[PDB]
Each structure stands twice: as structure tokens, then as C-alpha cells.
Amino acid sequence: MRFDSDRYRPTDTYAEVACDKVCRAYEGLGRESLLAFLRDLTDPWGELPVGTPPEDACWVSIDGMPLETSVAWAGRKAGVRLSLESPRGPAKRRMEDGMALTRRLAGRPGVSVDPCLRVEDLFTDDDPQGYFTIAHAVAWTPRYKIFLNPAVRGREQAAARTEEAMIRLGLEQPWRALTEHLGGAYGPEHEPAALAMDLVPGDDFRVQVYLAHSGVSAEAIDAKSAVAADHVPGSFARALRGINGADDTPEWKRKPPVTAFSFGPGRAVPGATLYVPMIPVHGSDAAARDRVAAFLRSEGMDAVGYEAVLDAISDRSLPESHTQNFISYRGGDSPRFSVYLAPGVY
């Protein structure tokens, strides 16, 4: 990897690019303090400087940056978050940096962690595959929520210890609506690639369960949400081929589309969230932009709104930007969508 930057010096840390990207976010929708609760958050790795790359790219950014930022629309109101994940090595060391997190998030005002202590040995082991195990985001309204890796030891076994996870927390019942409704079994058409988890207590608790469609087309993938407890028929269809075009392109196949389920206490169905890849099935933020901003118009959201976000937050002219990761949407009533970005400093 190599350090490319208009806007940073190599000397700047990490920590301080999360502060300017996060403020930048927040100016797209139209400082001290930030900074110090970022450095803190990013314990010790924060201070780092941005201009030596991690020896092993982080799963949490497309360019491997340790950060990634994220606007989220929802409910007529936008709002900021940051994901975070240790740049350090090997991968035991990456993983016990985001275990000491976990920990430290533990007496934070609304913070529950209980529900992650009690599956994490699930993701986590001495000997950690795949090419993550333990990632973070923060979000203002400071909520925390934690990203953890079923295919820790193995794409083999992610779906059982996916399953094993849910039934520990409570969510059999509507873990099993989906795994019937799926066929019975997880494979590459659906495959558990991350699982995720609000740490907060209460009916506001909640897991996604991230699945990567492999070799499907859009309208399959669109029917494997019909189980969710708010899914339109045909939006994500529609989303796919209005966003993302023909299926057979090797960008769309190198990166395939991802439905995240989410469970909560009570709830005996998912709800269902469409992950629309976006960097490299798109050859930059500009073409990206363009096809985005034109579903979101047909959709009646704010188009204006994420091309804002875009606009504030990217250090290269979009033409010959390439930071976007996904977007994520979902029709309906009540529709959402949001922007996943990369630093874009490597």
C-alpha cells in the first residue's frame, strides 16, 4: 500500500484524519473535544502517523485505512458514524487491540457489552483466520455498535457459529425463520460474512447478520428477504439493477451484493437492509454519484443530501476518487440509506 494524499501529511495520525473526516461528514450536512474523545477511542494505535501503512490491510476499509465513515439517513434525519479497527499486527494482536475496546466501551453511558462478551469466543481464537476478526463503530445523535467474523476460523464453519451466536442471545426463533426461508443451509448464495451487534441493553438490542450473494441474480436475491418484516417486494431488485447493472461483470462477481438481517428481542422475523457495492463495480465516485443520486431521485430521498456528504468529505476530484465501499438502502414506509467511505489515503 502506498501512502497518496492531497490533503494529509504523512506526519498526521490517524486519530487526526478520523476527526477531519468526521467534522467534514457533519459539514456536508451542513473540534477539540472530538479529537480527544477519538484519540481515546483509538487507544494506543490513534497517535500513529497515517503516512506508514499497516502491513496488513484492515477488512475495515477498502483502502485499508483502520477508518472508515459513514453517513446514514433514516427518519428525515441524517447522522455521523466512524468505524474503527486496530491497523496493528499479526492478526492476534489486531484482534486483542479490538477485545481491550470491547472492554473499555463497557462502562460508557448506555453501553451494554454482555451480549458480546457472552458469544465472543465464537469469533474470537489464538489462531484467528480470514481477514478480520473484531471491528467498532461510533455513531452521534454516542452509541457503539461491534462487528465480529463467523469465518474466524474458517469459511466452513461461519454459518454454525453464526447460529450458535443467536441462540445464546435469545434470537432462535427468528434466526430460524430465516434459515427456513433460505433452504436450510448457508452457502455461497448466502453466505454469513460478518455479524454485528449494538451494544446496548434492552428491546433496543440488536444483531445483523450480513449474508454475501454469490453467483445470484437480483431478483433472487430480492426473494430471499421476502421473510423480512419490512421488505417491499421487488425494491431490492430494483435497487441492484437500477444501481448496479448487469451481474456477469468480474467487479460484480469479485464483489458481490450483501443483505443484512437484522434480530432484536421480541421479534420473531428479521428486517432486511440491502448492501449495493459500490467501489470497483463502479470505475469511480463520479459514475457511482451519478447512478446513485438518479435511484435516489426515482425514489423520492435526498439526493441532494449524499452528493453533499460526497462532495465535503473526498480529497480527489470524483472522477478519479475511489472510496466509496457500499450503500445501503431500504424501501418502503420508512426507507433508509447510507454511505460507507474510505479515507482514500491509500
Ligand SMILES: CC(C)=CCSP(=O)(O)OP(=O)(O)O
The other form holds:
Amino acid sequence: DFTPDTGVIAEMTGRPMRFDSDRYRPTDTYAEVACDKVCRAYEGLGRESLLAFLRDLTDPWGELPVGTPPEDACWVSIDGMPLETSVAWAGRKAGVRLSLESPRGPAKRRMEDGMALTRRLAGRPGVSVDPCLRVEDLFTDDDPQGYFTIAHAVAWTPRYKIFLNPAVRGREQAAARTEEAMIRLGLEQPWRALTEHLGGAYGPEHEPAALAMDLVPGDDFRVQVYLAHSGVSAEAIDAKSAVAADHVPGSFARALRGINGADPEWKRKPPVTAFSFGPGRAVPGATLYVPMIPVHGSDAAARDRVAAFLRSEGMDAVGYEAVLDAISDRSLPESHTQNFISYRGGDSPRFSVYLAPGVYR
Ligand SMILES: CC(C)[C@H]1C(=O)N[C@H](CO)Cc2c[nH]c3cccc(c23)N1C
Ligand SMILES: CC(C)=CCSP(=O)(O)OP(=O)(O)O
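So that was the form deposited without the named molecule. Now I'd like the form solved in complex with the named molecule, please.
Starting with the chain above, the whole complex follows.
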């Protein structure tokens, strides 16, 4: 949580973008791309209403032409697009999610668009935005710093989450804003347990980079704190999640080493642990996020290694590859769209892949 050689990376933010797609016309709208990407994800898993849902959800920018790159890349996708598709497998369930972030600028405006969407979600079936509004001032400012401020995701079975940036006013304050948010939400107990497990402080070795929460009421409510791990071994990362309710000793270290090799310029993108908190749960759960592009030279190279890992865990590698194949617009050895995968082992294993549309370069 200090120097520029640590923490999360800019990805496409701050860089100029050109449209470059074999699949989409420049006149296709953001909402149409999203609709297409989501349908193709379900296809890999084995439409007029969906596009209307998504145009609604992304209103107004959803009608903007994809062919005209934003002044400012979004951070939700590594190719700077305002949308990122993910597919998640949990135990015997599998489903599709879409994350989204306003492409509009500048940052205060993009933030405000995000605040506006929260309020348009407030009245939707099963949604509660009260916990979000309780902590929202900790993550917003007139002059927001960092790579993002507010993004959202929808998951269909519609469930919504919000992503918030504790580094909105600098990395040095991230832990404090995170802590205050956890206390306000009544999650002081598991937060303390995590904090004490990590040694009582937060630095680049386990740095609060994002706070997410499911926008729902009741014991179902869930907060995730994402900690980026700059400059530490696979074994050290594994040890950090030993406080977790669902910790499997060595599992994270094995996934990290197995998929991403030993800790070289393109391994600047730090691995991340998502600690998940809920009401009446005294310690968090933990989920591992393994960096894909650009640690790996292409989606094909990443795919081979992730497929081999899934198999050794006895998880469904065929479904993962089918999703990659269905959703990707380029031949995989020349494709660079996988952002992360996430993983948890044990008796209720979880695997997810997060995919840039692959439209901007
Ligand atoms: C802050 C984490 C959630 C985040 C991260 O550390 N870096 C990503 C860019 O390298 C941001 C990101 C965008 N979409 C994502 C989907 C799943 C995890 C992500 C992201 N990170 C691990
Ligand atoms: C889109 C970003 C930044 C993170 C997504 S992590 P996640 O939504 O897959 O976490 P869950 O699957 O809801 O537990």
C-alpha cells in the first residue's frame, strides 16, 4: 500500500485504445456486445429479453457504439471495455455473470454513474442497497483517485453486487476505510480475526484493493475484501488464508505454483485473495485469484495450464474450455482476454474465469 512497483496494475486505464474486433461492427452498442458475450457464455455451458434487460441495466451508455473507444478505459475489463463476462462453477452449479462500469468520464462522473445505478437497483426484486448506502461515503469523493470507484455485477440463476475502491483517496488509507466499513456493517469480529491473523497491519503484502458486497438483505448478505499480494511467495500467500473457515492447507500454494510457476516483469500483476464475510460468521472464507493475462503469453497457454490444474483437482476442464471457445473472438494463441481465474478447493470446490470482450487494444 505504498510504492508504484506494488499493488494492482492499471491494465488499460490511462492508455489510448483502438477498436479491433473480428466479431463486432463499430456500430454495435455496448449493450449488444454484452448481450452477445453473455449468450455465448451460456452456449459454452450448453435473447431479446436479455438485450432489453442489459440496455436497461447499462442505460444510458449502453447505447453508445463500441467502435468509439472511451476517453478513459474502464478497469472492469483488462481491454478497457465497460463490461467483463465471467463464468463460475461452484460444486455442481455453473452460471454466468457480467460486471459493468460506466465508460463515461471523467472519474467523478463515472463514479456518479455508478452511484446512480445503485439507486436504480434499489427497488428491484430481492435487492437491498441499505448496507451499500451505509458505507458509500467511505468510497466516494469529489476527486477520486485510483483505477476505479464503482462497478457492479449481475448474476443470473437476478442478484447484484457492487465493487468499491478503498484506495479512492490513496492506498495509504485503504485499510482504514475498509476497517471502518466493516465495523459499520457489523462485521468487526471476523475483520479483527483476519487483521490479527495477518499481523495487525495491512501493507502491499496483503493490500485492500477492493470491497464488494452482495446487494441483498438477511443472512445471505455477503461482503468480500480483496487483498492483493505483492512481493510474497505462494507459501506465504497460502499461510495468509489459514484463518479462513474453508481453508485447505497448501491448496492455494499448489494452484499458484502449478498454474503460474515460481515468483519476472510479467508477473507484476499480483495474485489476490478474496476474503468473504457474512452475518454471524466469526471468520471469513477465502478464495484465490490467479492472474492470467499477462503472466501467461496467451489465452491458449493459460488455458492449457488451467485445464491441467482443473483435471488434477477432478474438476470440469471440458466446461472451462467450451466456455473459452464459445465466447472468444480470436484464435486462442493470439487471444489475450483472460484477466484472472478464481479457485477454492476442498469438498465444495469453486472455479471461475473472468473474460475481457477482447475488442479494444
Ligand atoms: C481488485 C481485484 C478484485 C482485481 C485485481 O486485483 N485486478 C484486476 C485488474 O488486473 C481488476 C479486475 C477487473 N475485473 C476483475 C475480475 C476479477 C478479479 C479482478 C478484476 N481482480 C482480482
Ligand atoms: C468483477 C470483479 C472486480 C470481481 C468479481 S469476483 P466474484 O464476483 O466472482 O465473487 P463471487 O463469485 O460472487 O463469490
